[PDB]
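S.K.: Chain by chain, the residues run as shown.
Number of protein chains: 2
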Amino acid sequence: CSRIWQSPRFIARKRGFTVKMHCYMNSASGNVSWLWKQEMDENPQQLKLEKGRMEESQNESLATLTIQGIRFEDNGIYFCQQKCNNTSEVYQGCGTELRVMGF
Amino acid sequence: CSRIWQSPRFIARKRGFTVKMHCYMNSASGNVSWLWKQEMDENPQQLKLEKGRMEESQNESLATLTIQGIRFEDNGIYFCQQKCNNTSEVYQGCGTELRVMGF
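Residue numbers (the deposited numbering), protein chains in the order written: chain B, 43 to 145; chain A, 43 to 145.
Hints in this document: simulated from the structure, not taken from any laboratory. A portion of the hints provided could be inaccurate.
[What the hints assert, rightly or not] Computed beta-carbon distance windows for the label pairs:
1) B:44 with A:80: 24 to 30 Å
2) B:144 with A:87: 32 to 38 Å
3) A:111 with B:102: 46 to 52 Å
4) A:73 with B:93: 45 to 51 Å
5) B:102 with A:95: 44 to 50 Å
6) B:56 with A:91: 38 to 44 Å
7) A:111 with B:75: 40 to 46 Å
8) B:93 with A:90: 50 to 56 Å
[Claimed, not checked] Taking beta-carbon pairs under 8 Å as the criterion, some of the chain B residues facing chain A (in silico):
9) 47
10) 49
11) 50
12) 95
[What the hints assert, rightly or not] Short derived list, chain A residues pointing at chain B, Cβ under 8 Å:
13) 82
14) 139
15) 145
The beta carbon of each residue, even a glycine, is placed where N, CA and C say it ideally should be.
Build the full structure now, drawing on both the sequences and the hints.
M.R.: The structure is reproduced here in C-alpha cells:
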C-alpha cells in the first residue's frame with residue numbers, strides 16, 4: 043500500500059479559534075481515523091468527534107481533521123491512521139502537536 | 043520489519059553546543075541512513091557529513107547521529123531510514139526536529 047504524511051508537526055492557537063490537521067494518501071484501503079494522546083507514556087487512543095465542534099473529513103487524497111472552539115482541554119498530539127488494503131497493517135502519521143493559549 | 047522510533051521529537055539549543063539524535067530499530071536489513079529537510083515544503087533530501095563535527099554511529103539496535111558546534115544552517119528536521127529484510131520496504135522514523143538559538 044501507500045504511505046501517509048501528516049502536516050504540520052506543530053500548532054499553537056488561541057482559545058476558541060479553529061484548527062485543521064492534514065494527512066495524505068490514495069485511499070489504498072483508505073478510510074482514515076484519528077488518534078489522540080495527552081500523556082507521553084500512555085499510547086494513542088480513539089478521538090471522539092464531539093458533536094458540533096469536531097469533524098473528520100476526507101476525499102480520495104486528502105484526509106483533514108477540523109476542530110473549532112479550541113479548548114485548552116484539547117492540548118496533546120493527534121495522529122491520522124490508515125489501515126492497509128493489501129498488507130492489512132496500519133500505518134500511522136507522525137502526528138501534530140497542539141497547544142492552545144492566551145487571550 | 044520493525045517500526046522505527048526516532049527520539050527526541052524536537053530540540054532547542056544555543057549555537058556551538060553538540061547534539062545527538064536517536065533512532066531505534068531492529069537492524070534486520072537495517073544499516074540506517076539519515077535524511078534532511080530544511081523546510082516543510084522541501085523533500086527529505088539526503089544528508090552529507092562534514093569535517094569531524096557530524097558523525098553517525100549505530101549498532102544492533104540504536105542508530106544515533108551526532109552534530110558538534112551547531113549553527114543556524116543546521117536548523118531543520120532529520121529522519122532515519124532502514125530497508126526491510128523481508129518486505130524490501132523502506133521504513134522511516136518520524137524525525138527529530140532542530141532549532142538553534144541566539145545568545
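S.K.: Does residue 82 of chain A pass the interface hint, meaning its C-beta sits closer than 8 Å to a C-beta of chain B?
M.R.: Holds. Min distance 6 Å.
S.K.: Under the criterion of a CB-CB separation shorter than 8 Å, is residue 50 of chain B in contact with chain A as hinted?
M.R.: At 6 Å from the nearest chain A Cβ, residue 50 of chain B passes the 8 Å test, so the hint holds.
S.K.: Is 50 to 56 Å a correct range for the gap between the Cβ atoms of residue 93 of chain B and residue 90 of chain A?
M.R.: 51 Å, holds
S.K.: For the pair residue 56 of chain B and residue 91 of chain A, does the Cβ-Cβ distance stay inside 38 to 44 Å?
M.R.: 42 Å, holds
S.K.: That 40 to 46 Å hint for residue 111 of chain A and residue 75 of chain B (C-beta), does it hold up?
M.R.: 44 Å, holds
S.K.: Holds or violated: residue 139 of chain A as interface residue toward chain B, Cβ cutoff 8 Å?
M.R.: 7 Å, holds
S.K.: Can you let me know if the beta-carbon spacing of residue 73 of chain A and residue 93 of chain B is within 45 to 51 Å?
M.R.: 50 Å, holds
S.K.: Please verify that hint: residue 145 of chain A, Cβ, nearest Cβ of chain B, below 8 Å or not.
M.R.: Nearest chain B Cβ about 22 Å off; hint violated.
S.K.: Quick check on a hinted range of 44 to 50 Å for residue 102 of chain B and residue 95 of chain A, using CB atoms only.
M.R.: Hint holds: Cβ distance 46 Å, inside 44 to 50 Å.
S.K.: When you take the CB atoms of residue 44 of chain B and residue 80 of chain A, is the distance between them in 24 to 30 Å?
M.R.: 25 Å, holds
S.K.: Please check whether residue 144 of chain B and residue 87 of chain A have a Cβ separation lying inside 32 to 38 Å.
M.R.: Holds, at about 36 Å.
S.K.: Could you check if residue 49 of chain B really has its C-beta closer than 8 Å to a C-beta on chain A?
M.R.: Where the cut-off is 8 Å and the nearest Cβ of chain A is about 7 Å from residue 49 of chain B, the hint holds.
This entry does not satisfy hints 9, 12 and 15, going by the numbered hints stated previously.
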